[PDB]
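Apart from one protein chain that is not included, each protein chain of the complex appears where it belongs.
We call the chains A, B, C, D, E, F, G, H, I, J and K, going by the order they appear; numbering starts again at 1 in every chain.
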Amino acid sequence: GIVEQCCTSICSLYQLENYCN
Amino acid sequence: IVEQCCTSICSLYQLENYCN
Amino acid sequence: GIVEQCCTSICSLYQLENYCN
Amino acid sequence: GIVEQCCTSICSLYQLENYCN
Amino acid sequence: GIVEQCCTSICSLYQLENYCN
Amino acid sequence: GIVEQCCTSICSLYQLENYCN
Amino acid sequence: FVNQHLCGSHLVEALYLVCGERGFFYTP
Amino acid sequence: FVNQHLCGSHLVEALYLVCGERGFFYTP
Amino acid sequence: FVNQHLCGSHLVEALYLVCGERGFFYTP
Amino acid sequence: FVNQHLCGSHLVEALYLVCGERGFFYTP
Amino acid sequence: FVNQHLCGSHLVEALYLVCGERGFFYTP
Partner (left out) sequence: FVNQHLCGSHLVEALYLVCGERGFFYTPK
């Protein structure tokens, strides 16, 4: 999941936007 | 949650209710 | 001790409660 | 100022981009 | 008496040294 | 870079004071 | 334990601590 | 915006900044 | 990226999230 | 409650949450 | 070094930054 990617790699704030409500 | 912990006061126990 | 464990390994909240006043 | 925008009032992350180098 | 020193009223980092063990 | 130093190595609060305004 | 006022980023921090890897939902 | 590298509570905090009041779900 | 009330250390944490290595200046 | 991996300031924040206004002693 | 308003988790963090591995005692 994006969450795993941010920590092991890098992620964009835009990808984290997928997790909002 | 908000009306509980932030407005009033809650315990770490109550917070488990929001765990998935 | 417990504080070292938390960082080098893992530890429980109940264990951390040993440090309260 | 930054504070006279995001703290007293409110702002978006996009606005915060104005204070980057 | 520390929260009275830094929270109610402001304090400096030097003065926080008084609470180091 | 003192900031690089703080993270790759270690630094002192006094050195951080160089970046203040 | 104890009971405190928990707001904003602070409440989510407490949530991350209590639930950890189990995940949680944050919905005002 | 730049590509971020975030773990644990830092990720939770960033989720809070991006989502805000709308809230969010943390699913590892 | 909803608008929020960001003060003190919370505001500079978001400056870091947004700017990253580009760095940023913070002057009241 | 889940087990945790806490280092530096993250642990003292954990202690603050778990102990409350009762206070605590940080003895590394 | 300046004088700031430090309460709760913020105060315990300043205490952590100033004292480091020496530890400290937080007794409200």
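Please note the rule applied: a contact is a pair of C-beta atoms (placed from the backbone, for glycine too) under 8 Å apart; a residue touches a chain by one contact, two chains touch by 3 or more.
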Those residues of chain I which, in the complete complex, touch the missing chain: 8-9, 12-13, 15-17, 19, 21, 23-28
Residues in chain E touching the chain absent from view: 13, 17
For chain F, residues in touch with the removed chain: 1, 3-4, 6-7, 9-14, 16-17, 19-21
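By definition in this document, only the chains that are shown with their structure count from here on.
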Interface copy of G-H among J-K, G-J or H-I, judged by whether over half of the contact pairs recur: J-K
B-G compared against H-I, more contacting pairs: B-G
Inter-centroid spacing, chain J versus chain E (mean Cα positions, whole Å): 20
Distance between chain centroids, defined by C-alpha means - chain D, chain I (Å): 7
Of all residues in chain I, the ones touching two or more other chains: 1-4, 8, 14, 17-19, 22, 27
In chain D, residues with contacts to at least two other chains: 13, 17
